[PDB]
Amino acid sequence: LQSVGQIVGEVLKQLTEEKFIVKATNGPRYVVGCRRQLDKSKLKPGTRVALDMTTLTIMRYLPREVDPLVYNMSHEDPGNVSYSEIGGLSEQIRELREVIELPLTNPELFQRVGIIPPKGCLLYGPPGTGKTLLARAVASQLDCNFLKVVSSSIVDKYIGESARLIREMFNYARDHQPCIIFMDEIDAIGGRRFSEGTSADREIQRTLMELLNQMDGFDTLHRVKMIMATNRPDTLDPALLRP
Amino acid sequence: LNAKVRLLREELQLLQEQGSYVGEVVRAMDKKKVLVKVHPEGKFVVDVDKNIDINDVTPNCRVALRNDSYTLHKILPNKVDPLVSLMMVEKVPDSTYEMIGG
Amino acid sequence: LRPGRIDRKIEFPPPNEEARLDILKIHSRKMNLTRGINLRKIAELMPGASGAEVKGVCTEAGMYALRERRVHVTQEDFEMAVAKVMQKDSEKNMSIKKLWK
Amino acid sequence: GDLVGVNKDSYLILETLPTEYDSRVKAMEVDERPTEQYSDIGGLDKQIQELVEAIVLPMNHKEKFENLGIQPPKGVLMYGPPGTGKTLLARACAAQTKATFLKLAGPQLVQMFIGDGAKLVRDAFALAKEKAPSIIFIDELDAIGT
Amino acid sequence: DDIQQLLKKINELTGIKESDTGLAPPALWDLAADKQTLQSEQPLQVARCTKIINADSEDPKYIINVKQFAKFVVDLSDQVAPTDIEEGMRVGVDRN
Amino acid sequence: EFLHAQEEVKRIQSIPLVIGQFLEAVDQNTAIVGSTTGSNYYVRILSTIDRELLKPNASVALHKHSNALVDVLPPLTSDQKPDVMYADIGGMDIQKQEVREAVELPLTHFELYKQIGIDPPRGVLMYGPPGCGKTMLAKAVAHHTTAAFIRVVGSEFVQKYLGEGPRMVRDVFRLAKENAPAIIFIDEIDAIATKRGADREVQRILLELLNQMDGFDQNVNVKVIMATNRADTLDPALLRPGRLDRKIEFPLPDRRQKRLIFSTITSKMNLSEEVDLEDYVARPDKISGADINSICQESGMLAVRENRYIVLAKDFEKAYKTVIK
Amino acid sequence: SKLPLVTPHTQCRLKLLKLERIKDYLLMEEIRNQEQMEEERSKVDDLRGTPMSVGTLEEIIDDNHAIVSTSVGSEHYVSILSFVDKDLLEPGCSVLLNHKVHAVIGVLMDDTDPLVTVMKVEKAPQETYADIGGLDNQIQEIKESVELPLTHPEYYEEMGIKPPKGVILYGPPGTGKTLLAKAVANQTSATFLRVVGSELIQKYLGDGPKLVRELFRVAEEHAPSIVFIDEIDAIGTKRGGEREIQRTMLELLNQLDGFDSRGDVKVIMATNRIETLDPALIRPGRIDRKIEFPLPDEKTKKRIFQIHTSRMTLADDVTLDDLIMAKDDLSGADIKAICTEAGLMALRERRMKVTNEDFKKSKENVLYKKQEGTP
Ligand SMILES: Nc1ncnc2c1ncn2[C@@H]1O[C@H](COP(=O)(O)OP(=O)(O)OP(=O)(O)O)[C@@H](O)[C@H]1O
Ligand SMILES: Nc1ncnc2c1ncn2[C@@H]1O[C@H](COP(=O)(O)OP(=O)(O)OP(=O)(O)O)[C@@H](O)[C@H]1O
Ligand SMILES: Nc1ncnc2c1ncn2[C@@H]1O[C@H](COP(=O)(O)OP(=O)(O)O)[C@@H](O)[C@H]1O
Ligand SMILES: Nc1ncnc2c1ncn2[C@@H]1O[C@H](COP(=O)(O)OP(=O)(O)O)[C@@H](O)[C@H]1O
Ligand SMILES: [Mg+2]
Ligand SMILES: [Mg+2]
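Protein sequence lines correspond, in order, to chains A, B, C, D, E, F and G.
Per PDB author numbering: the first sequence = residues 50 to 292.
Per PDB author numbering: the second sequence = residues 52 to 153.
Per PDB author numbering: the third sequence = residues 306 to 406.
Per PDB author numbering: the fourth sequence = residues 148 to 293.
Per PDB author numbering: the fifth sequence = residues 50 to 145.
Per PDB author numbering: the sixth sequence = residues 71 to 145, 154 to 274, 280 to 408.
Per PDB author numbering: the seventh sequence = residues 47 to 76, 79 to 85, 93 to 294, 300 to 435.
Calculated from the structure, these hints are not laboratory results.
The reader is advised that the hints may include incorrect statements.
[Claimed, not checked] As a list, the in silico DSBU-like pairs of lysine-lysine whose alpha-carbon atoms are at most 30 Å apart:
(1) B:88 / G:141
(2) B:130 / F:238
(3) C:360 / F:238
(4) F:174 / A:89
(5) A:62 / F:80
(6) E:116 / D:173
(7) C:335 / C:402
(8) G:175 / E:66
(9) A:206 / F:238
(10) A:206 / E:116
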């Protein structure tokens with residue numbers, strides 16, 4: 050009881066070996082100094098640290114970032130669904146394991162093949178053919194980190210919060226490699242970009258472009274194999290549907 | 052040397068005073084009371100100190116307050132006002148008649 | 306063109322020969338020159354060309370200086386700095402005859 | 148994601164709290180428990196029996212299904228021209244079931260905020276979970292069913 | 050032009066026209082009661098009640114949402130009965 | 071006594087200070103600062119600070135309690159290299175040469191434009207409908223350039239904190255300004271540059292963006308690269324040729340341009356001896372650069388599907404028809 | 047406030063006399081003398104101890120208690136002091152608060168709503184009946200329905216009428232339709248609200264009709280006021301744009317009459333195409349009067365130059381009657397160009413005084429601006 054909490058914030062650029070810069074999360078940017086014992090090497094630009102609420106001195110670096118939303122979207126329990134519990138999709142089921150399972154289980158194989166593995170692939174079809182079921186099966190049987198997305202719930206009202214959520218979920222996948230991201234009903238945000246609209250169009254297209262930068266390039270996702278499904282693949286932006 | 056140390060002492064004594072906010076006026080309500088807009092927070096009706104003649108406070112004067120009792124302190128230079136001012140508004144265009152020929 | 310709204314009809318004709326030369330001279334201050342660059346002869350090679358295009362021939366003479374990566378601004382430069390400028394002011398205009406006729 | 152009550156100054160956790168969902172969702176649940184009997188519905192015995200065996204039997208028995216092994220039906224849609232009495236059948240089903248009943252119309256879920264409607268849908272389903280044997284009633288579903 | 054500048058003079062020398070809103074007519078107001086209620090009364094804050102705990106039913110505890118400000122777990126003043134409070138209820142609370 | 075006073079003056083600028091942005095000064099001893107707390111304060115400045123360091127966008131440390139401004143704070155991509163070279167680019171040599179002149183020429187041949195004279199553009203924009211190798215060429219420049227590339231997306235600029243997102247733009251341009259030869263890449267300028280409460284805040288970040296671009300005249304070697312697929316949007320103010328003159332449109336690859344892309348990618352592959360790439364460069368289907376990769380990648384999977392090593396001719400058209408339409 | 051207007055604009059010592067008289071009075075007004085030669096303020100201003108904060112109030116719980124919100128958004132149940140004008144406090148207003156306990160300590164000058172701030176047009180003092188040439192039938196008719204009800208309701212009060220609630224002005228463009236209504240505002244004391252029908256057509260679903268509510272709300276607090284709907288035909292003619305315009309139109313008919321009361325505000329509408337608008341506008345129960353604006357005839361035109369040529373310096377060769385004969389070819393707005401172009405024309409002649417030839421070289425250029433067709 051006699052203890053006290055500590056403010057949390059993310060260390061920015063480093064000036065001297067006793068002067069640091071931390072943005073205290075949604076608060077201001079505070080010039081602070083490391084306490085005594087923390088390995089200065091660990092206090093990388095961007096790492097997450099805790100500060101005394103009195104002297105603001107850093108006293109412990111922490112596991113990278115936040116957002117129990119991603120925690121829920123990972124610990125979602127799909128139930129035991131063997132591939133045999135799905136019927137009449139042998140070609141597709143076999144196809145998916147070639148882009149979702151073999152690369153992360155046996156990456157060294159494609160080194161000799163030379164071809165780099167695809168990172169994302171999309172499931173499209175009329176309602177009631179087993180897309181979500183196939184995703185559940187993949188999540189149940191495979192032994193890796195699996196993210197389950199409802200494309201609606203990753204769309205929050207706070208300004209620029211949905212793009213941030215996409216960024217944090219991708220960061221969680223990168224930190225927990227190998228990881229699988231499943232985005233059901235991707236057409237919820239994957240819709241073609243309106244030329245004009247309300248804050249809805251603005252922020253939805255913003256989140257779409259955020260997800261795009263996340264998966265498209267310059268970051269060359271390492272083990273971030275991704276799966277999405279949609280009942281309306283037509284409405285998807287051509288940027289996504291790009292091979 | 053004594054002038055230097057006395058200057059340092061004055062500087063130290065002045066350092067204790069707080070930041071006194073920044074405020075802007077859209078009406079000189081009374082000869083004492085002057086309504087101000089602070090940034091952010093909201094609107095305030097504030098009396099002026101002994102100094103600063105009340106005729107000097109004009110709309111959008113960008114004044115400074117004191118830290119407590121708000122209170123008015125001084126006038127400060129005017130704002131820059133860069134809203135729009137990029138695609139529609141141009142302050143001083145760089146084209147003159149001699150830059151044209153034909 | 307109605308009462309209380311507008312009062313005249315200022316016209317902008319295509320720049321004349323000496324007029325286009327002045328346009329060249331406007332941007333000619335910065336550019337260097339050889340031992341005898343006669344802008345007069347360069348001026349007459351683009352009949353009916355607009356104003357920004359006369360800047361364009363100076364503009365397209367720009368990266369022709371980068372075509373040799375040193376101070377070029379040569380008399381010959383403008384002769385082909387004319388060449389690539391006019392086609393953009395052109396091409397379908399040839400067909401347009403065979404099109405509209 | 149859980150909700151705790153902490154020290155207002157030292158921020159130490161001294162509480163465990165019920166989640167709470169939303170004002171709309173709390174207003175969404177039925178506490179009046181209307182009192183229409185199946186007898187007041189007339190000429191729909193096929194439809195009343197259909198809805199009753201679709202919903203109430205999993206609520207009461209749950210052993211007939213497991214004995215047969217089937218998964219009980221989970222979604223029942225009532226449709227027809229207005230005045231046929233769909234709302235009345237829903238009201239009677241609420242009347243007789245004794246289960247946790249959640250009533251709501253389509254416009255109650257639209258909202259203007261970016262994610263608000265999704266939050267209401269998710270949180271209403273969460274409340275139906277936390278109440279365990281529960282029934283959700285959507286009226287004029289086409290409002291969001293467009 | 051002299052008329053114009055002299056009018057600007059008159060407007061300045063007259064001073065800023067008092068934008069004072071005014072109060073009620075003097076005969077009705079002030080009294081010592083104004084200072085009395087100013088010094089005595091509580092500056093109550095508005096909030097939205099939520100999900101009465103009622104774990105022990107003696108002091109049932111109340112969660113409120115001071116909208117734009119915060120959320121809290123609070124009790125009642127001894128003057129207001131628990132039967133006087135329902136869920137939500139738009140209840141106002143003290144400042145301390 | 072004077073030494074003791076200076077020791078205290080050092081003491082007042084100790085570690086726990088709060089950061090703010092220095093607006094215009096007022097007098098010799100006071101100035102106006104915008105705190106990271108959001109509000110602004112009228113603040114007296116310590117004499118020991120060199121006034122010439124003070125600039126209307128400088129990052130300045132304020133006293134934690136008194137907000138007294140005593141400090142000047144010394145304001154990328156080092157290991158996170160894109161890992162790609164110009165050779166492994168799908169033969170957009172016309173685009174390669176243009177960008178070479180666009181950004182590389184201003185650094186390695188900076189002194190030329192005085193003897194050369196003519197002033198090249200100050201920033202570029204690309205339309206490049208999806209799958210047109212914009213990011214590779216952007217990536218290619220990053221691995222090749224001697225500049226200090228800093229990557230941004232339009233989405234990072236829009237935050238939850240009111241009045242912090244627009245401020246983030248300055249850090250982008252301040253950091254590049256400090257690293258004189260650095261290059262800025264702001265791909266997905268779609269988001270922030272949409273045609274003009281919550282609506283204002285996003286456009287404020289664009290408004291702050293527009294101010295920073297104008298400051299990069301000559302004597303600032305930095306160049307800005309902006310990428311966007313749609314590009315029929317974006318406010319004409321940012322489209323202004325006076326500051327984003329040079330633009331590079333990436334069309335769908337044509338024959339020759341197509342053939343380089345197969346040859347480039349297949350060069351790393353194995354392929355059988357009977358592989359007929361010439362049929363695909365001749366096929367009428369308008370496949371973009373991304374498809375070429377996908378057309379080539381799927382060949383490996385088909386080979387690895389049947390446990391086979393070398394890809395034979397039959398592999399490609401199975402893949403070829405599988406992708407595209 | 048404003049000064050009176052000198053009677054003759056012509057350069058003369060009579061104007062000198064008037065301006066020097068106003069100078070003398072302004073000099074007697076020139079504050080220096082008076083600037084040369093407690094309990095109420097001391098107590099209550101102590102009660103409202105500085106500094107003061109402004110808050111938005113939307114509640115009145117008791118005659119001494121209400122809910123008040125501040126700019127940050129927090130809401131407070133606070134007490135109202137005695138000196139606060141109870142009638143002045145209404146929801147949506149801005150209220151001064153005590154900085155310590157947030158007690159309500161007075162109402163404030165409302166200064167917001169920029170759009171309607173533009174909407175309460177100036178008194179239109181620049182327009183006057185003296186500036187209108189011979190619209191006799193229009194004047195008496197518009198006097199019947201607009202000016203007189205807003206000046207002497209006594210006839211309507213005694214005789215038992217409910218005065219007409221709406222007038223629509225129709226005529227070719229430039230006939231002076233807007234000028235007349237503006238002159239009515241100057242002639243009366245009522246505040247003037249002007250709106251052009253094209254502007255209220257709004258992109259969003261419901262703002263269009265909302266602006267209509269917003270206007271007639273604005274008219275009501277001003278009490279005697281005029282709402283001028285210029286070029287009404289954009290929102291009234293015949294028939300997702302289709303439904304909203306109908307919805308917008310119906311909003312007018314509900315504020316032009318409909319339910320509840322309408323107070324005192326009068327409504328004036330203008331258009332060029334009366335033969336196109338919805339019968340609901342032509343409805344002689346909804347709109348009681350429709351005023352005709354014909355093209356000016358010979359006598360009306362002569363007044364127009366007399367109105368417009370009053371300010372320039374003229375020659376003796378000017379024959380205004382000759383410029384009149386042809387037809388009702390041009391409206392007064394065109395004739396303003398006739399003066400303006402001539403003034404420029406005589407200026408181009410390097411003469412500060414205009415001649416008849418300048419008017420002929422003024423009349424022709426106005427004519428070429430006309431279109432061509434049916435040769
Ligand atoms: N091939 C299949 N084998 C077994 N069950 C199947 C198959 N296809 C569909 N089903 C059954 O139908 C349902 C599959 O639908 P699911 O929830 O997976 O999503 P969907 O209908 O493909 O689309 P979405 O959830 O995106 O709207 C499950 O209840 C499953 O039992
Ligand atoms: N079969 C029925 N038995 C008894 N009453 C009925 C029946 N059908 C309709 N009603 C009457 O209909 C009235 C209200 O109609 P109800 O809303 O139930 O029908 P509906 O067609 O579902 O309409 P809506 O979809 O518009 O709600 C009730 O008061 C009830 O008396
Ligand atoms: N010429 C090319 N050669 C090889 N791959 C290409 C080529 N053009 C495009 N690509 C593919 O597209 C990407 C290049 O970026 P791109 O997708 O065009 O960016 P954007 O679509 O965001 O403009 C690479 O990841 C690559 O797989
Ligand atoms: N009978 C008239 N008397 C005075 N001025 C007139 C007359 N007719 C037209 N005008 C001139 O035309 C202008 C008024 O134009 P108006 O017809 O009100 O515009 P609209 O056609 O848009 O209603 C005024 O500036 C005025 O100078
Ligand atoms: Mg699904
Ligand atoms: Mg119903």
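Check your understanding: Which of the listed hints are broken here?
Key -> 3, 4, 7
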